[PDB]
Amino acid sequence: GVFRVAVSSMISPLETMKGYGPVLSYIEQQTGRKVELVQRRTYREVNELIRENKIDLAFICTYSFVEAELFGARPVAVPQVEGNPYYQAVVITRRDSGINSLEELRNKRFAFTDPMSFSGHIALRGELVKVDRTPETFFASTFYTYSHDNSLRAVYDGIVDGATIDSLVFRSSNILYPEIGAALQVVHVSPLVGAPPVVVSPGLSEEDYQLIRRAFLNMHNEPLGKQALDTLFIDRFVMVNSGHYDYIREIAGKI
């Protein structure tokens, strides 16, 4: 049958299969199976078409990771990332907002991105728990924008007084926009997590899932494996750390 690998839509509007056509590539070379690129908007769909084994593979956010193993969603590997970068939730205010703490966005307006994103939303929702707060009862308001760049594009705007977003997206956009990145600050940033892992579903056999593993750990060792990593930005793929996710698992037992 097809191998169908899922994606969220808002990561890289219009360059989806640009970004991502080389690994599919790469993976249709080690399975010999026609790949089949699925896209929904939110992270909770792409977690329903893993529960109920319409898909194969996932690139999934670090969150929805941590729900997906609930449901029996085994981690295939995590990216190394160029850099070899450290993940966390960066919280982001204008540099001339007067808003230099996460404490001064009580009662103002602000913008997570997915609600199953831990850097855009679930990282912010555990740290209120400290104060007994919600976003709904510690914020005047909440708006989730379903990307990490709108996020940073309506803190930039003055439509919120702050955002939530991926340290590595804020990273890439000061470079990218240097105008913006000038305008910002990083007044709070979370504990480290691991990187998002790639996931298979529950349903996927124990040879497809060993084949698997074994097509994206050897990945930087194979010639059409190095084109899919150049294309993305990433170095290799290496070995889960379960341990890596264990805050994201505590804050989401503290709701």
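Positions refer to the first chain, counted from 1. Whichever C-alpha set is largest while still superposing within 1.5 Å between the two forms counts as the rigid core. Compared with the form deposited in another entry:
Comparing the forms between these two forms on their rigid core, the Cα displacement of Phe237 reaches 2 Å or more.
With the core superposed, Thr62 shows a C-alpha displacement below 2 Å between these two forms. In the core-superposed comparison between these two forms, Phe71 has its Cα shifted by at least 2 Å.
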The other form holds:
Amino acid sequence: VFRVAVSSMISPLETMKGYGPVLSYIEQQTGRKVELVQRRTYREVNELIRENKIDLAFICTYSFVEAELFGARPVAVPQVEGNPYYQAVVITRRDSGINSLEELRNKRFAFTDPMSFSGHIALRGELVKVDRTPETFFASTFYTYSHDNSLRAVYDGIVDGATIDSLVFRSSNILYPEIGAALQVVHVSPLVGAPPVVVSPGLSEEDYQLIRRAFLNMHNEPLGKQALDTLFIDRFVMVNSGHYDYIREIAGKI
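Structure of the form deposited in another entry, please, following the form deposited in one PDB entry?
FYI, this one's just the chain on its own, none of its partners or other molecules.
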């Protein structure tokens, strides 16, 4: 059995963003039955990696900075439009009159996960530049544990702004154009490496190279092309650990 972790509340069987085809692709290329190990939080997935209780994990860029240090091996990173990188985007409603990050002072704000770069840490980094924290900058904050629920909260006026994954913003705009069309990007983070795929510290060199071959060749296999459509990405390319140095920089400055 091949244990694959995700930090996501999206079902693999979801009509719109169901990533079941990714699991089917891994089954075909490994010859192993895939077991999905789904958790709400990044912390839970990183603990499973630390304790060598899974084989393969889809983790966030901040999670990767920690996971690298307890021996998680990088497999691949998604590429969209030639770019294996992404950024945090700060989103408001176009009709809000809130047109910049400064205009979100004393407003209600949404984060995703305490360990999310694009959903939390990137914005903590922007506020260091004006010598503030979220707690002293915004009227209130909240963790949604969902980029899509953060988007829906901005759309509904529940919060005035949210920080989300540039790639989820892109995929949301394709699937749910009604949410996006009402929304504007008022601020963006610096560029960082895209969320990487890793294998556990314990997986064999044989199995690693097999999984690395499978991800880097996914765009060449018909079932792989189907899996890339469910993930809204062009292909997987090799990880460059240097592409997460901005996150290591912010981390050092809490």
